[PDB]
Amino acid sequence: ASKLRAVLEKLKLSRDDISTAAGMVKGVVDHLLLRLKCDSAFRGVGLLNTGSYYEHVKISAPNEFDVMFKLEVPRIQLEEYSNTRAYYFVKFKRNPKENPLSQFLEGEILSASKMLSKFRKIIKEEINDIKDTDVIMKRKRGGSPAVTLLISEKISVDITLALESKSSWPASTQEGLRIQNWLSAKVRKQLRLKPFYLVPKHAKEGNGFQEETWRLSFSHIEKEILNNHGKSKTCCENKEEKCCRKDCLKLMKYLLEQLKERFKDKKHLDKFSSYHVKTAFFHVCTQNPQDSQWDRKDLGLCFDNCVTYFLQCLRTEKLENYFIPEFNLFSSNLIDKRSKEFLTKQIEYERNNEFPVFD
């Protein structure tokens, strides 16, 4: 426990670096938004307030940030891709109205590739003119042109485009977000009245990966639940209600980062991310809904409880998306058997040796 605390204290030492790089990133993205909204294809584009920094849980890599630009899209209908539950084709129910996105259709289908290509292009053009310092664009691959920026200092910013839908959440989410006994049924009702998002993400398809498919995203809900996280409305707003929920999440994230860094020459950990750890953490909150199960003085147990849960997920190769229960983040489609066995082994070693990877 003392060791765990020491690790947390240490992680605090990165806060200023990260905060300053973020404080620059906001400048770059604000400039970017300003320009992007002038394009007829994106005039309603806005910043979505989501992500590890916004959740007060970005603990390392100040050179690295994730941002989502949301784009309100006029009334859409979704068609599931196979029975993947998380991947969809986007269609407009149409309304013979002026639709600035018609130039990205494939008949009925809103092409993620064309959208991304325009997004990438405009971003490319609007950066060279200096705000702050200097900025480049890395060119990756995948099923489409994604966008990663290089704010000169090697500050890497991933930009994700996300369609916003103000309609009811898809049926695949019906049994998800099981927070009723933790955060309350009225809260679940409220959250599910909020919009949901769609990000352009190629779905796997037989040794390759095809289609202009979109994946459901609930980053805004994850942020709300992380920052308003207790059964008590005043959890963490006073000295008598300090829980260790956020610290346990930070510890799990740090465990994963440190293991990835250690084995950065093998490729076995490449497919794991803080999203897996966050998802497992949310399930553990569902399992342990009472604030008294997250007493600060119990940091040691609470952390072990997360680790154990994650291990079981790894061992069983099942980690349900917290919002889409039948979407398995650890399915063989997404993560290979060897990566999962290897992480299982390393986490077992760490747990069995008082977590050497921390010191």
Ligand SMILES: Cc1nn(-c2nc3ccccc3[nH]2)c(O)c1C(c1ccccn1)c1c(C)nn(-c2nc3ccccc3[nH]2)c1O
Contents of the next structure:
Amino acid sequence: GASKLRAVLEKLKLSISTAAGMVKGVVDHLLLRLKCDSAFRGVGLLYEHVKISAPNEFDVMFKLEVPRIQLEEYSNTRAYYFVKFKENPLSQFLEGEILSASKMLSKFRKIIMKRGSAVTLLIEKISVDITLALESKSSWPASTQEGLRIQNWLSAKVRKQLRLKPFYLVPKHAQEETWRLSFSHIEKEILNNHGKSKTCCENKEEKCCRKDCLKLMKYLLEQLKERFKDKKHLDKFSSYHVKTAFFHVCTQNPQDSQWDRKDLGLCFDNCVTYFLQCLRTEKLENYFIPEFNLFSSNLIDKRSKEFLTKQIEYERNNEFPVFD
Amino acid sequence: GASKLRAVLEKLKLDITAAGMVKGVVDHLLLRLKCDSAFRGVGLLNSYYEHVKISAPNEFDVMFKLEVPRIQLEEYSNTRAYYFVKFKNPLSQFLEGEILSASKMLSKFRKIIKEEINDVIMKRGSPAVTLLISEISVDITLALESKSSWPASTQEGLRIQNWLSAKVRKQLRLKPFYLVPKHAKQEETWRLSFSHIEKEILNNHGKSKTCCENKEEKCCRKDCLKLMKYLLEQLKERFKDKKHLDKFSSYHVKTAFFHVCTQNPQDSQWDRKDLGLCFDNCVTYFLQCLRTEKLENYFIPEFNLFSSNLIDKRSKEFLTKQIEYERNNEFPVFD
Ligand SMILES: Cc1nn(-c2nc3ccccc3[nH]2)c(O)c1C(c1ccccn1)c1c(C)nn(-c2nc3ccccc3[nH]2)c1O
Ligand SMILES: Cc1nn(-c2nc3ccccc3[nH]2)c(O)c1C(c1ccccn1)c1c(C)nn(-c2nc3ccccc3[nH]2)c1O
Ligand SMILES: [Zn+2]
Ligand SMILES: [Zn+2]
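Other form of same protein, the form deposited with the ligand bound, not the form deposited without the ligand:
And the full complex, kicking off with our chain again.
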């Protein structure tokens, strides 16, 4: 039954660098204007399409390095932090000793169109969501110590090299002045360098279906969210849950031969299965922050997960009619 | 006879505390050099110390790097490896016309180091300075760092695509390259250096990313390289009172080994069980390079390390005879 999945992927691919050229013009302009300011002088780039079905909705991130940062964990949430400082161009945005996300974002929007993580620009069909992020080159927070468990797949050496890279903090409510950990750069680097073999997907002998499986999962969730957009059951699910579950599946299946392209049908099915399991048991560990449960009852209620479970099982039993 | 090979490797493994002493000197030198405007951005390539000889644990090798932004290279004759350094300036005090003088820069480098050393002893281009700590030796090399694109002479080198992948080769070529002062057969030229890339490929050396991180994936690449280098070191020692082997170096061994890695890209061609054959096939390849007088620089394909203009055929024939004898008699020089 994988032929239908292949048809779906063909249609998704036929739907580019033009629109991105327009977006690039606008983003370079905005970054120059921001760089003229004392507080955002170090602003910089770390295009991405959050929804695979929306080729004209872009997502970019403006970073800003914060040297010698001091993090205060909010409420043992493992993912949300106050940003204190350990000579400070962000002093304009302090509320006591904490960097205020409110003031910083207010000024950021000022320099920058439409309304945490911060601005939606139009450039008649193209939309661009811009998120502000602090960059830190300090070691990763202690809540990540047991995350990114790629040692049996991409290797312990790669894990060390990745953990030597910066981490990011985006403004997000937990209490209004908290910042949330972001590792989207690591997710991207893994997705584009995803095999146990370094030449994975560089030759016919070593073609795998990891990326295709992820795209099919994201498209399944997007189609289901669209179809039931009039109900509220699926409003809290996002491609972040899909990507986290996909990375967990990659950890469970670390060999390239478990992702042979010929087995797309099974591989995708496996992905679906794991996601469904996560829904039923209400457990989806953040891939980088293992004590953060994205499927906690404090975040998504039981009924929403049961509804998504039923809809997905229906789709799989009927060869995914929502793909059409 | 692979058991003897593994015995040799065991003995080579069995103090490197010594580095401590090395570090103590190195840091201090770097402190002093950083007070000068010309050497303001000096640092360690980074690992403070390396060893060019597997059998000289007290003989260390250090590279001090210094970034030259907006560098302009001009290739000497068509050497493909040697260049004059010009600029597109804290180094303007060493400028002879429009070209950076290796002689003046080196003179100042060693002057500063000598004055700092006096507060260790100094021995009199590339290993700019040799310091003897206590009774421990440290060869220090000055290198310019350029973060611009690699020179055009390297465009078809580093052919690791079928071994370490094309993505890895692109990432490696995005790293800086280095220029070490070195005279050419002309005394104000600089020679390309990629020893950082060499270290990276040796310590991340398999097609599989988990090569040598578990029992199922142990390969014998590093052991074959160690055995080749020990073979050369022992042969150069045994015949050091003749000049026949003075021009051969661990660089030749390493270059030939990397070529063999390109020829045998699969981890299953380096299974630890097959150490004996793998090493043999390394020796053979090196031998081939000696007979045909051809050993392309792994990063600069048109620079022939075994050219008749660099090493004459008498030396290559002597080394071939010695190596073939050793291989036919189960390597008694290892003892
Ligand atoms: C990925 C992502 N898909 N996505 C999405 N998928 C859709 C599918 C159909 C229709 C609409 C859709 N919208 C979305 O809205 C995000 C955002 C995001 C995208 C861009 C900018 C900001 N946010 C995000 C979220 C919802 N959660 N999240 C996150 N939760 C965390 C918890 C702990 C630690 C880190 C965390 N990161 C995150 O990054
Ligand atoms: C000679 C040498 N050419 N070379 C080189 N030639 C090039 C030609 C074109 C492009 C790049 C090139 N790089 C190089 O990088 C060295 C180094 C070295 C190191 C530090 C400073 C200067 N050169 C070295 C090594 C790698 N081994 N080695 C050595 N092996 C020994 C074994 C036994 C006994 C003594 C030994 N000495 C040694 O001298
Ligand atoms: Zn692949
Ligand atoms: Zn190995």
